[PDB]
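Peer 1: Below are the chains, spelled out letter by letter.
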Amino acid sequence: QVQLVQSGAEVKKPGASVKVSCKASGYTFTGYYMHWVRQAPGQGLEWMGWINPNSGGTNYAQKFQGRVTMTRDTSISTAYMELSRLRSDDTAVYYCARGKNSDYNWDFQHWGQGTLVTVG
Amino acid sequence: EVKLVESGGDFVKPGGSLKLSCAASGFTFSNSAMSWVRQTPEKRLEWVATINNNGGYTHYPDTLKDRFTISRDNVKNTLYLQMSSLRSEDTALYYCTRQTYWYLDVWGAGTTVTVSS
Amino acid sequence: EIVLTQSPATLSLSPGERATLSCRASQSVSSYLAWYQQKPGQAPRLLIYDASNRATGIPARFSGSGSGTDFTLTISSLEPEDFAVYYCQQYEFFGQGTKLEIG
Amino acid sequence: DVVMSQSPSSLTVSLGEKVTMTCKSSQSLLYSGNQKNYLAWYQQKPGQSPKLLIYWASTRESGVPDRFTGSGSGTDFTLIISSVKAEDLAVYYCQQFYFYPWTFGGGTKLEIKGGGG
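Residue numbers (the authors' numbering), protein chains in the order written: chain H, 1 to 52, 52A, 53 to 82, 82A to 82C, 83 to 100, 100A to 100D, 101 to 112; chain A, 1 to 52, 52A, 53 to 82, 82A to 82C, 83 to 113; chain L, 1 to 91, 96 to 107; chain Q, 1 to 27, 27A to 27F, 28 to 111.
Hints may be right or wrong, so weigh each one.
Said to hold, decoys possible - Heads up, simulated DSSO-like pairs for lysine-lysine below, C-alpha to C-alpha not over 30 Å straight-line:
(1) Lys45(Q) x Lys107(Q)
(2) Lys64(A) x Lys45(Q)
(3) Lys103(Q) x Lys39(Q)
(4) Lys75(A) x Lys45(Q)
(5) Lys45(Q) x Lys3(A)
Said to hold, decoys possible - Some, not all, of what chain L presents toward chain Q, calculated at C-beta under 8 Å:
(6) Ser28
(7) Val29
(8) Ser30
(9) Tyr91
(10) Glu96
Hints listed in this document are in silico derivations from the structure and should not be mistaken for laboratory results. Built from N, CA and C at the ideal position, the CB exists for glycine as well.
Starting from the given sequences, assemble the full structure and let the hints guide the process.
Peer 2: Printed below as a string of structure tokens:
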């Protein structure tokens, strides 16, 4: 029932910026945090940050502070992740994830199909 | 209506053993984690053990790891604390506590374990 | 940082065997240990939450347990569909994962 | 282990006075991922077991009057009773529940002239 649909693949040159979208349906968008997790080809999961769509507040992993921007457009139940100054090791699939329940949003039960970003 | 009632405390000799019991009521016992906290005669509080809703996870301080064992029975709605090789430092009032996340929002009256010659 | 060390990095077993996957935390912190199953080409799927609770639709042959900083995922009676990579998680921290291949 | 230092050890005040007690942890209790301080305050009245007063450093448990206020972040935390009533006579323990083993402070003995009803 809960569905997270993301934008299509992206190809970027080193130094550019990419912005991935994540449209939510099947629940109250403002009720749950939205996390972003990326995965380089053949590598493990890497947490990036979350956004509170009810308040707009954000939180980013220190790795990406100052280089990642997370926003939300509640009117269309869509979350966005913009990553700047792209370099080769930023090549990865970028997922948006919602928590199993509002009590503990780190149990990522719902995932988007992922968005591949290839840098350089 | 939310309630915890410990039992099993008793006077014991050094090196003895005990198994404390805690009867839980007033809430869905099988959905919350539980811990044991003891209060020494000097009134110091010391967390002793934790167990999750399923019993699949447990943890203790390293000093009590080898002598204490927490367990639960989600059919009888009971929490247990097995104690062995008791020492004089184990003398205390042992509280049965319910965990919401990782703070203790429900405490029982406790039961007394006294270890001495 | 909570460094989650998963061993083995890869594992190959035959159907009907048992897989024992380890995940050890460098620090003991209050959190809910989660396990994820990521099949090839798919996004991760929540497998275990709170160390030993099976997520929705996960059969009983998947068993998780934990003791302090040591966690274990046991997959009994392996099946071809169990071909996947398995990650553990505490808050933002993920292990490097165990690539479990099945013939 | 994380050490929790409370101050003062004890004090005696009269009804209506302001009481300020501090709790200092040897390590920060603030996790960056959720921006929550894993600090709790427990109130133990005479002859009673400890009871959850404040958790997440500043959130009052159900039924706790706004008279009580928890504040602070990281290592230095504070509990204030704007105007003590007789029923506030108790020992106030702080607890960090982020790093295992969970550790409590020594407590603050709060006495009030005229008893605690």
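Peer 1: If a hint holds in the structure, say so; if it doesn't, say that too.
Peer 2: Hints and how they fare:
1. Proximity of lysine 45(Q) to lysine 107(Q) is assessed by CA-CA distance (about 23 Å); at most 30 Å being required, the pair is judged to hold.
2. For the proposed pair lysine 64(A) and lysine 45(Q), the alpha carbon gap of about 26 Å is at most 30 Å, so the pair holds.
3. Taking the CA atoms of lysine 103(Q) and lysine 39(Q), the gap is about 10 Å. The hint holds against a cut of 30 Å.
4. Only pairs whose Cα atoms come within 30 Å are accepted, and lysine 75(A) paired with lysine 45(Q) is accepted, the gap being roughly 25 Å.
5. Of the pairs offered as hints, the one joining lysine 45(Q) and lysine 3(A) holds, with about 12 Å between alpha carbons and a cut-off of 30 Å not exceeded.
6. Nearest Cβ of chain Q to the Cβ of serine 28(L): about 4 Å, under the 8 Å cut. The hint holds.
7. A distance limit of 8 Å between C-beta atoms decides the matter here; for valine 29(L) the minimum to chain Q is near 6 Å, and the interface restraint holds.
8. About 5 Å separates the beta-carbon of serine 30(L) from the nearest beta-carbon of chain Q, less than 8 Å, and the hint is met.
9. This hint holds: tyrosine 91(L) has a C-beta 5 Å from the nearest C-beta of chain Q, less than the 8 Å allowed.
10. For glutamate 96(L), the suggested interface contact is upheld, since its CB lies about 5 Å from the closest CB of chain Q, less than 8 Å.
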